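Dock chains B, C and D against the given chain A, drawing on the hints supplied.
Okay, here's what each chain looks like letter by letter:
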Amino acid sequence: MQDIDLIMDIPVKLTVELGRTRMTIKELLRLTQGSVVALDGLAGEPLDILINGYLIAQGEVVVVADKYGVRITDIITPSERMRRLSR
Amino acid sequence: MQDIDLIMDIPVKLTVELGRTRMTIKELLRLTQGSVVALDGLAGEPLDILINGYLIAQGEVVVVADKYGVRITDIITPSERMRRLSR
Amino acid sequence: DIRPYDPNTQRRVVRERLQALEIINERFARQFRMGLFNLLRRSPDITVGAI
Amino acid sequence: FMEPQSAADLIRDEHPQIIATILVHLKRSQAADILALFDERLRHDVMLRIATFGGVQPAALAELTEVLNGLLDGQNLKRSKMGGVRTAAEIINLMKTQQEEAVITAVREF
Numbered sequence: 051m052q053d054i055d056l057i058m059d060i061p062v063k064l065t066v067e068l069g070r071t072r073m074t075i076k077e078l079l080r081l082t083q084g085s086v087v088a089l090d091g092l093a094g095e096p097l098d099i100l101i102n103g104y105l106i107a108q109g110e111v112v113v114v115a116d117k118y119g120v121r122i123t124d125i126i127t128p129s130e131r132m133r134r135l136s137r
Numbered sequence: 051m052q053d054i055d056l057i058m059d060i061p062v063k064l065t066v067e068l069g070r071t072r073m074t075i076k077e078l079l080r081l082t083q084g085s086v087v088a089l090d091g092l093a094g095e096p097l098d099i100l101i102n103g104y105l106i107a108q109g110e111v112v113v114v115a116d117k118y119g120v121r122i123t124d125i126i127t128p129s130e131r132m133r134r135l136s137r
Numbered sequence: 034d035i036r037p038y039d040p041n042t043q044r045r046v047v048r049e050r051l052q053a054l055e056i057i058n059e060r061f062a063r064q065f066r067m068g069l070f071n072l073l074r075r076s077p078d079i080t081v082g083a084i
Numbered sequence: 112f113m114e115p116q117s118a119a120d121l122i123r124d125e126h127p128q129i130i131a132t133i134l135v136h137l138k139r140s141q142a143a144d145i146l147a148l149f150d151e152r153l154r155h156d157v158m159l160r161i162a163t164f165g166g167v168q169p170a171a172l173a174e175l176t177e178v179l180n181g182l183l184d185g186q187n188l189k190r191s192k193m194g195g196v197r198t199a200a201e202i203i204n205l206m207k208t209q210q211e212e213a214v215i216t217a218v219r220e221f
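One line per chain: the protein sequences are A, B, C and D, in this order. Letter by letter, the first sequence follows residues 51 to 137 in UniProt numbering. Letter by letter, the second sequence follows residues 51 to 137 in UniProt numbering. Letter by letter, the third sequence follows residues 34 to 84 in UniProt numbering. Letter by letter, the fourth sequence follows residues 112 to 221 in UniProt numbering.
Isolated chain A (complex conformation):
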């Protein structure tokens, strides 16, 4: 509608997250330069795409001539969103 066009003029910010993990503060203090930290996500899984910190879609990492890119694959339809938030 016309208000969709009005908010179209408003820029927004997109965020791509590689993964997430949980650990104690003591473990973080144990970490030093060159330390290795694992993530919950596996290899080849689509990465989360966030708009102002809200996940809306998923994509795959590509490189464009010198720049990283995300190839959108799937959405976060309410059933899947509720399932992943329940975790």
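It cannot be assumed that every hint is accurate.
[Claimed, not checked] Each pair of labels, with its calculated beta carbon distance range:
| # | chain 1 | residue 1 | chain 2 | residue 2 | range |
| --- | --- | --- | --- | --- | --- |
| 1 | B | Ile-125 | C | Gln-64 | 36 to 42 Å |
| 2 | A | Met-58 | B | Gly-91 | 24 to 30 Å |
| 3 | D | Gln-128 | A | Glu-95 | 52 to 58 Å |
| 4 | A | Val-113 | D | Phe-164 | 57 to 63 Å |
| 5 | C | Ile-79 | A | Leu-135 | 25 to 31 Å |
[Said to hold, decoys possible] Chain D residues, not near chain C, derived (Cβ > 10 Å throughout):
| # | residue |
| --- | --- |
| 6 | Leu-121 |
| 7 | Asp-156 |
| 8 | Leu-159 |
| 9 | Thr-176 |
[Said to hold, decoys possible] For the chain C half of the interface with chain D, some residues (derived, Cβ under 7 Å), not all of them:
| # | residue |
| --- | --- |
| 10 | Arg-60 |
| 11 | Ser-76 |
| 12 | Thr-80 |
Hints were generated in silico from the structure; no laboratory data involved. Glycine included, each C-beta is placed from N, C-alpha and C at the ideal position.
Positioned in the frame of chain A, the structure of chains B, C and D alone reads:
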């Protein structure tokens, strides 16, 4: 209309801007004779054309037999104007 | 990196690959091959040059 | 009812067995003219296939006929007998003695 003709008799002033940049006052004080200062705009981009300090169109630099000239290319239609002012 | 400016110079704009344009060109090549064979009564060979 | 080269190039863009079947169904003189214009490999393949022709199904024959009808072009009033060589000789005979000297020259040259 007739008032367009009336204001036609009124001369106006046109301003062509090569580019713009931002820096601190300390950096300006560091600058001396022969110093090099960069600009946000790239090479070959159309230059801004301003009427009394208001951007209305863009053009390209040409030389007329001994004098610089601007070859108008595009306009600053409200969508693009809002987009560039948001920057 | 610093160079003097010349108003009579211009640069290029990376690469702008258009796969859909190439597909359209190939389809047009097929159609035009058929048309030229129909018209000139001889079989032509049309090769699509690089965009 | 068509020119040998046009029909040859038309059926050249087909499977060799189809070419052999069409040539068998065509007139012997026309088929011989068409085959003389084919390449050695295609000609040999067609001759081998014709020597081992066992008949075609009626449905395949109908489909081949329909395809050939579809491939047809504006063949109405194909070709035309106007002149050439003989007309050139008549024109040369009507051109001056010096002009026919030039004619001997150029014709020997080609």
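Cross-check of the supplied hints:
no. : hint                                : result
1   : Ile-125(B) x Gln-64(C): 36 to 42 Å  : 39 Å, holds
2   : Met-58(A) x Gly-91(B): 24 to 30 Å   : 26 Å, holds
3   : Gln-128(D) x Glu-95(A): 52 to 58 Å  : 53 Å, holds
4   : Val-113(A) x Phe-164(D): 57 to 63 Å : 59 Å, holds
5   : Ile-79(C) x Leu-135(A): 25 to 31 Å  : 57 Å, violated
6   : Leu-121                             : 8 Å, violated
7   : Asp-156                             : 19 Å, holds
8   : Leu-159                             : 24 Å, holds
9   : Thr-176                             : 19 Å, holds
10  : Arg-60                              : 19 Å, violated
11  : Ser-76                              : 5 Å, holds
12  : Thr-80                              : 17 Å, violated
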